[PDB]
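Colleague: Chain by chain, the residues run as shown.
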Amino acid sequence: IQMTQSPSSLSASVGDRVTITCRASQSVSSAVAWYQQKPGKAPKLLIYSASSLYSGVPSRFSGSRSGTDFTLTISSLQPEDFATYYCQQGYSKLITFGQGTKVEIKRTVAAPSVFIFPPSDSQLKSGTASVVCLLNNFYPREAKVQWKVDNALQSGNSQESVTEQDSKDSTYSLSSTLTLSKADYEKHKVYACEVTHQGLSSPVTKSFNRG
Amino acid sequence: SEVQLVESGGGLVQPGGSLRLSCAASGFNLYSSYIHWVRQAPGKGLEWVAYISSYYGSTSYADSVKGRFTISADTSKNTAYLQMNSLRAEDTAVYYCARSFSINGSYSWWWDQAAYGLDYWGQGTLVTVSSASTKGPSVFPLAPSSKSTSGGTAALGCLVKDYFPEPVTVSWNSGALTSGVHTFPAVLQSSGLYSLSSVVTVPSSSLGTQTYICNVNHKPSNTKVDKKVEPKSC
Amino acid sequence: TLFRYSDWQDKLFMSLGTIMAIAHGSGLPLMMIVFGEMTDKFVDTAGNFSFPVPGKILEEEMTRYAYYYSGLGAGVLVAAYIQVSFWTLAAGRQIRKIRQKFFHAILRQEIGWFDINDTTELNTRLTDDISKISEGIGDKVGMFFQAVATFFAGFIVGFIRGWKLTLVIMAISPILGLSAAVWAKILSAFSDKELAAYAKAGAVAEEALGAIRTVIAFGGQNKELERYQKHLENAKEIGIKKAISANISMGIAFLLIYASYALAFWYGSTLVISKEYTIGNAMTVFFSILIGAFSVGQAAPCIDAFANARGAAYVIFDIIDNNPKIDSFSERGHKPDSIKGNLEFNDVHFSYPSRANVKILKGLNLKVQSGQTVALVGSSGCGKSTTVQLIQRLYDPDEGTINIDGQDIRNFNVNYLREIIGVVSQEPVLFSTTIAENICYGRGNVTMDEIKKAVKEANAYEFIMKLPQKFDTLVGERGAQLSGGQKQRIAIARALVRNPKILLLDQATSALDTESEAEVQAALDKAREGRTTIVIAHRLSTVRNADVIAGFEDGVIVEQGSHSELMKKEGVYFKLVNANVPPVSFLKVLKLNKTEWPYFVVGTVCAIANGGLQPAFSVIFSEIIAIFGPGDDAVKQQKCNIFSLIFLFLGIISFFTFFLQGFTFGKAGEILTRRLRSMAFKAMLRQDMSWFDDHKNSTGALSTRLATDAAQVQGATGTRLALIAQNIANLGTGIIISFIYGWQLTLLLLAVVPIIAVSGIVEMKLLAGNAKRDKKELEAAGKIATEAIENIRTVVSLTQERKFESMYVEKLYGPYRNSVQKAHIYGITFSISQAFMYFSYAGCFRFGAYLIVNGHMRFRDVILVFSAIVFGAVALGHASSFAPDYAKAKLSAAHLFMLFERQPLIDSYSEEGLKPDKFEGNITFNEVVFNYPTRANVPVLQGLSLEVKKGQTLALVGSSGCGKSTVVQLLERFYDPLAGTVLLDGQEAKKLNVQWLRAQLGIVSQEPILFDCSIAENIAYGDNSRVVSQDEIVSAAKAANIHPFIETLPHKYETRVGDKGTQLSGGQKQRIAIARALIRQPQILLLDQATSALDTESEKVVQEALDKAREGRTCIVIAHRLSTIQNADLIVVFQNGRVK
Ligand SMILES: CCCCC/C=C\C/C=C\CCCCCCCC(=O)OC[C@H](COP(=O)([O-])OCC[N+](C)(C)C)OC(=O)CCCCCCC/C=C\C/C=C/CCCCC
Ligand SMILES: CC[C@@H]([C@H](C)O)n1ncn(-c2ccc(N3CCN(c4ccc(OC[C@@H]5CO[C@@](Cn6cncn6)(c6ccc(F)cc6F)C5)cc4)CC3)cc2)c1=O
Ligand SMILES: CC(C)CCC[C@@H](C)[C@H]1CC[C@H]2[C@@H]3CC=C4C[C@@H](O)CC[C@]4(C)[C@H]3CC[C@]12C
Ligand SMILES: CC(C)CCC[C@@H](C)[C@H]1CC[C@H]2[C@@H]3CC=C4C[C@@H](O)CC[C@]4(C)[C@H]3CC[C@]12C
Ligand SMILES: CC(C)CCC[C@@H](C)[C@H]1CC[C@H]2[C@@H]3CC=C4C[C@@H](O)CC[C@]4(C)[C@H]3CC[C@]12C
Ligand SMILES: CC(C)CCC[C@@H](C)[C@H]1CC[C@H]2[C@@H]3CC=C4C[C@@H](O)CC[C@]4(C)[C@H]3CC[C@]12C
Ligand SMILES: CC(C)CCC[C@@H](C)[C@H]1CC[C@H]2[C@@H]3CC=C4C[C@@H](O)CC[C@]4(C)[C@H]3CC[C@]12C
Ligand SMILES: CC(C)CCC[C@@H](C)[C@H]1CC[C@H]2[C@@H]3CC=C4C[C@@H](O)CC[C@]4(C)[C@H]3CC[C@]12C
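Chains as they are written, first to last, in the entry's author numbering: chain B, 3 to 213; chain C, 3 to 236; chain A, 44 to 96, 105 to 629, 690 to 1251.
Keep in mind that the hints were calculated from the coordinates and are not lab data.
Don't take each hint at face value.
To be verified - Simulated pairs of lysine-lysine, DSS-like, Cα-Cα distance not exceeding 27 Å:
id, chain 1, residue 1, chain 2, residue 2
1, A, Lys793, C, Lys79
2, B, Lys127, C, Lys46
3, B, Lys208, C, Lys230
4, C, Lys229, C, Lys137
5, A, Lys183, A, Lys922
6, C, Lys46, B, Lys95
7, C, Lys149, B, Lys146
8, A, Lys1171, A, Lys274
9, A, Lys1171, C, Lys79
10, C, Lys149, B, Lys208
11, B, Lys127, C, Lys149
12, C, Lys79, A, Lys699
13, C, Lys221, A, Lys1102
14, B, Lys189, C, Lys234
15, C, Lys79, A, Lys251
16, B, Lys40, C, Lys46
17, C, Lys79, B, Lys127
18, A, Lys1001, A, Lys705
19, C, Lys79, A, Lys183
20, B, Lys43, C, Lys229
21, C, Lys46, B, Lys170
Turn these sequences into a full structure, and let the hints guide you.
Modeller: In structure tokens, the structure reads:
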């Protein structure tokens, strides 16, 4: 009674065969379901028992079963799509919604541009800093970054956030917040931030001086 | 009528606390179908919690909650309670009610409890498990560096920091301009507080003439703040 | 005696129903006669030559017999049908005439008769008791007569067909008689003991539910629950005895019954070996006496039901023949037609029969000239509305006289007397009809010109041209869709379309604005031109337009005069100047006890045994027929000795297994009844004071909930499981054998079993449909009757009973047509039932003759199959109808399952809420807007503020119940404000732990109670959760100035103040309350009217005791004694729920 939406976070374009496999535990035997949820708002019921639609639901959504390899497939892709689908299964007093997938729109690889800014001296008084060497307008989502303070492998001091794909031309941005207490940001001078992206022919290197 | 499930209760507790979440249905009789309680992670996933059927008296909890939560279903006023005890830090999720499906239309049988899916839901009440309370988010303006891209696309913003609870509004040109402004979602700070950063892209062609403010408005701390933006100078 | 209300057609109906009752009852014995003859031919021809492979004589005879059988079937069809219908038709007609005459003589029943008894007793009496008579005289009599028929016919066909064997059998009857009779005496005495002991332990719930409020304040849940358990654990000791005794006796009954079988079979085996009584004539006496026994046995309750019929009908007939004092319906009255408006009184004394220990009339001596208006005044507590009621003679005074022009009050034909005058009272109530129709009921026959002219002139036309469906809007239950002042104006429109000669005006101007009052005043002024009008005084500012003005001090003419004549006359006037019941499952009623599963297991194994006992007697009977074919005496008689013993072995085994099944399920039932009793009570006590303050959840109904519905749940839990198990065995191996043996007879008879079986099922379906429709029509007419049993005094005032009589009839004619449909619906399926029992014989035996001739199965096998199935189904029927009513205890379980889960908003058990450590009694109110969600129409508090400081006091002066008790509650947190906040010690009381909050608020309410304990136990009820040192009691016993008088009593701290403790005064039991509130050392008091039975000294001493520890801690006081109000710290007034 464990569930695995195996191709998590899909990346398909509008107008194509689109696939989802949700391989179950042993023998749920046709008692799985498929829910589509647009962000923040409650999830909908799309189809049930792996074949047959609900009411009010368009007839472009296909449900397929095979043994325990399930499948929810598409070909229409009216842009009212692009949300996250969860394939709950329900059996013997135990119900599990598995960890679902998403669907990202397609676009050309967007050149990532980095920006680094030393923390405000308005800020350093309170005893900390929070320096940000983020990015903007890049495609795809996968961006690897490296903080390197005084030429060191900075690890464990990064908490990166990323907005949801742009509605108009569908790129991403990024904010990484390296923080340092008072006893620390006073003894190091050159603070170097690195990024790694396929849009960049060369993984670049942001830096500055402590003045 | 039309099927209408609402929720109630919920809104604040620390680890080691009780609560009662009341799902009131409207549009059908309660004892005809099953009732569940899904819990949507804050940003991760969607995990079942429980259910109760008030016509065969059959309750059932998922493991992670057994013994601790208790369901009940008052059929004098079409209500489904979930009482919670000893809340941890892995339960800040939002908690939708739900009604499991019936095929016949007006009741559900015991065989295949909720194996046709859940159809009607409510809109989740968000719940939290943080210690202490809430404080003020002292902003530290992300002043554009004097190494700004000469006539390029210049980043600039400000860091609204140590604020609670969500949300806070961050506007630019005081509600007259938010083009290029991305309100990075509320990320959480180790001790329990938060931090969000709102940045905007500009040409350096106007950096002399125009000069802006990031506008913060933190409503549940009873405070509304400003702090001007300036291209930082040594 | 009881069939008075009968035309001739009723009598024809009953008699042509009785004769055919008897000619149905005699229908089995004849059947057994023919069965005898046929089995004779069969076994004769079989043994004399068996032909598994010149025999067609068998067929000639069997077709002859098939005609006999079916021709007999037709006979019973017709007679069954007629018995049922004609009896239930006579029932319906007579019951409709009964109902109608009963109302028409309840309206003729006076108000003294209404002052005596209750007003739900009446309506419930109507509904239930009329259904009681209906089922009593209805049809049970038909079935009882057919029972006695089948009895005497069984014995007679015995003696006629072979007399030696019949004497053998009928000889040992008196032993079974003695047996089952002492069965009855045992079980009856034990039922009595058990019930008396319970009801001795259920007066506790009724004295701690008649007073839910004092309990739920003082924190007395668990003290109560334990006063209850301690009694259920007495009653179990007798529950268990009754279990073992009743079920031993039942096993005995079956040992004897099976013993009888053995005796008869062995005898009537020697007497068949001797070639005397052949099998055909030998089986006849057997079965006919069996049928005699079973019928006459299974029709005893059709005598208890007739007894219920008479038991009800007594009081109903007692009322219809009853004939009162002055009759609201007799036209025997010397009504004048021309008369002045003279109203002369003298020395009239009148007391109440319902209240004679307070003199209310003391001799009035007033004159009213014709037309001249006297205006009546007086203080609160003299009986103004009383006097009005008198003036129109709803009663008869003692030793005085009233007159109009000296003409006697015993002269006026009452219709004249209450259609000549008019009255608008405090709250003239509106019935459930239009506006035009209330006004038409004003007089009965009026004109539309009068209509609009009154309506306008009655100051009350604008809202009509505002109201939805302007002319005909529906002022429903007690005037909810109105303003206040509209209702008195519309009453005045009604009373003015009456054109009276004497008018009466009472408190009809209490929630108006002045202008509308003045309008109606001048309107009745410009209406009075030769007639009088008497008005009871609300505000003495408008009284001024009188000829004479009168006050009262104890019912006598005390002050009479006009304005200036009394302004210097110094009497009283001067001082006055300045239902879903959500269905439950089965699984749930069972899960209510999965902690006695061992008993269910023993009992259901044992049950399946007990119930698979017929397929035995089928195969035994088969073998009996099998042995009697060829004819070798020597070994026959030994086989028959064997079989007498086998019956004997089954007589013993039956005893054991019956006694087990019975006793085991008796244990499981008793246990679950004790648990459901306890659990439900404990759940009652945990409900907020709204739920209890309903008209539905009264003390009567809750006490019934405990004392019967708990008992009834066991029906659906245990017995229905035993019964399903039984019938599965009784009719599963039936069909299993009968398929191993009859490949093809079995199907054919299975194709008839459902009829004999589903008589009951098809009747349940359709009878339920029509019973719903009936009860609905009955509830309509019940509405129409609840009206004039509630709003009685008004309706007799307008004299408009006689309109209600016809309005009632119009609906009564609903359910009568209902009954006439039920007759035919019930009867046709009853007759197919009884009718189809014969056609089965015919078909089965004729078909078996077919096979036997062709050679498919030996005659022993057709007798097996046929007995295993048909006596199977007929046994199923009786088994089932031994159970207790499962339809009636799957609802009962629903009514407790809704009392269990119902979550009160104010949980009086919860272990959460801010507990404040030490408490400063700073009580505060913030514009608290309040209304009882019971009568939710008048906002009791319309925004109220009050604020008291530690040690200080408040005090709310004014008029009785003005909005002065509700403040006492919103601190004890019974109710919650509609609007407003009462934050305490600085913090909001909608956040405290309610169990804690009431632990500081000692209260001496308006009417303190003393439970059924000893006095020590009673005061130390003042605190719970920690036992009270005996000196603590004694300390407060000197505090509230009560320790002395105790030393006079028999048992100082141990005397028993009983239920209400009638051994006591008002000033002492009130004084104990102070003893009671003070052991808690309560922070704030609420001394609501402690001195309504406190004497001078009793209070004048304890006020020193009230306040001394009240020093340093607040108190609100809402009483009526100025001499406590004055020294108080603060001051507030309450006017219509408002301060000024
Ligand atoms: C055949 C020989 C005739 C024997 C005569 C038997 C009885 C009549 C004897 C004298 C007449 C006395 C008049 C009786 C007045 C009422 C008493 C009575 O007697 O009450 C019928 C009896 C009980 O009445 P109840 O309804 O209240 O029972 C429920 C019992 N308590 C309520 C306690 C649970 O009835 C029962 O229950 C149990 C009855 C047991 C029947 C078992 C079915 C087997 C069927 C066929 C086997 C026949 C083989 C014969 C072979 C013939 C060979 C050719
Ligand atoms: C107290 C706790 C309680 C617990 C907790 O449940 N509890 N504990 C125990 N029990 C209990 C257990 C068993 C019973 N029984 C009573 C009914 N029985 C019975 C058996 C055979 C009968 O007749 C055999 C055929 C029928 O047709 C006849 C006779 N006949 C026709 N009309 C009418 N009678 C017939 C017909 C036509 C013909 F032409 C010729 C005929 F001969 C022959 C009739 C009745 C046995 C089962 C009752 C109660 C409880 O309920
Ligand atoms: C709905 C009700 C009235 C059912 C009516 C059924 C009656 C009319 C049927 C039932 C089975 C029929 C009997 C079955 C057996 C036979 C034997 C045959 O050699 C002559 C006809 C005869 C004697 C039939 C007469 C009519 C009968 C009794
Ligand atoms: C309670 C009793 C007296 C009811 C009366 C029973 C009547 C209706 C029964 C008893 C005797 C029966 C009759 C007996 C003889 C026969 C011969 C047969 O080949 C044709 C039918 C006929 C004529 C029967 C018809 C039905 C019958 C008349
Ligand atoms: C209590 C009373 C009123 C019941 C009336 C029972 C009468 C009507 C019944 C009882 C027994 C019946 C008799 C029993 C025996 C005889 C002789 C037999 O060879 C044929 C049937 C016949 C001729 C029956 C005729 C009708 C009968 C007398
Ligand atoms: C009051 C009750 C117990 C009376 C029961 C009667 C029993 C005990 C008696 C009364 C008459 C008896 C019968 C009288 C005559 C004989 C002849 C004898 O050679 C064998 C037994 C036999 C056939 C008897 C059988 C038992 C019997 C039926
Ligand atoms: C009303 C009840 C208690 C009557 C008592 C039952 C008596 C009459 C019955 C019970 C079983 C019967 C006995 C069972 C066994 C024996 C021995 C056998 O080889 C012949 C029959 C004979 C001799 C029977 C005589 C009658 C008998 C004793
Ligand atoms: C209503 C139920 C209980 C009774 C129905 C009776 C039917 C099923 C029975 C009654 C008598 C039977 C018939 C009587 C005579 C014969 C003639 C023979 O050469 C073949 C069988 C046959 C044709 C039988 C077939 C079935 C039959 C008609």
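Colleague: Next, verify each hint and record whether it holds.
Modeller: Comparing the hints with the structure gives:
A hinted pair counts as satisfied when its Cα atoms are at most 27 Å apart, and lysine 793(A) with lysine 79(C) qualifies at roughly 21 Å. Between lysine 127(B) and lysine 46(C), the direct Cα distance comes to roughly 36 Å. Violation of the 27 Å bound is thereby established for this hinted pair. Under the criterion of a C-alpha separation no larger than 27 Å, the hint pairing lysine 208(B) with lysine 230(C) is consistent with the structure, at around 26 Å. Simply put, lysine 229(C) and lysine 137(C) have alpha-carbon atoms about 18 Å apart, close enough for the 27 Å limit, and the pair holds.
Restraint check for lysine 183(A) and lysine 922(A): the C-alpha separation of about 20 Å stays at or below 27 Å, so the hint holds. Restraint check: the Cα-Cα separation between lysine 46(C) and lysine 95(B) comes to about 24 Å, which is no more than 27 Å; the hinted pair holds. At most 27 Å may separate the alpha-carbon atoms for a hinted pair to count; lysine 149(C) and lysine 146(B) meet this at roughly 24 Å. As the CA atoms of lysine 1171(A) and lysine 274(A) are separated by approximately 18 Å, the hinted pair is consistent with the 27 Å bound.
A hinted pair counts as satisfied when its Cα atoms are at most 27 Å apart, and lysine 1171(A) with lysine 79(C) does not qualify at roughly 37 Å. Restraint check for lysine 149(C) and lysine 208(B): the C-alpha separation of about 12 Å stays at or below 27 Å, so the hint holds. With a CA separation close to 23 Å, the supplied pair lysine 127(B) and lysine 149(C) stays within the 27 Å bound. Proposed proximity of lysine 79(C) and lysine 699(A) is supported: the alpha carbons are some 20 Å apart, at most 27 Å.
For the proposed pair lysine 221(C) and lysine 1102(A), the alpha carbon gap of about 24 Å is at most 27 Å, so the pair holds. Proximity of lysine 189(B) to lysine 234(C) is assessed by CA-CA distance (about 22 Å); at most 27 Å being required, the pair is judged to hold. Under the criterion of a C-alpha separation no larger than 27 Å, the hint pairing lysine 79(C) with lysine 251(A) is inconsistent with the structure, at around 36 Å. Straight-line distance between C-alpha atoms of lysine 40(B) and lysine 46(C) comes to about 14 Å, which keeps the hinted pair within the 27 Å bound.
At roughly 58 Å between alpha-carbon atoms, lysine 79(C) and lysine 127(B) are farther apart than 27 Å, so this suggested pair is violated. Pair hint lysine 1001(A) plus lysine 705(A) holds up; C-alpha atoms about 18 Å apart against a cutoff of 27 Å. Pair hint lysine 79(C) plus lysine 183(A) does not hold up; C-alpha atoms about 35 Å apart against a cutoff of 27 Å. With a C-alpha separation of about 34 Å, the suggested pair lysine 43(B) and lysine 229(C) falls outside the 27 Å cut-off, and the hint is violated.
Proposed proximity of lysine 46(C) and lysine 170(B) is supported: the alpha carbons are some 25 Å apart, at most 27 Å.
Of the numbered hints given earlier, the model fails hints 2, 9, 15, 17, 19 and 20; all others are met.
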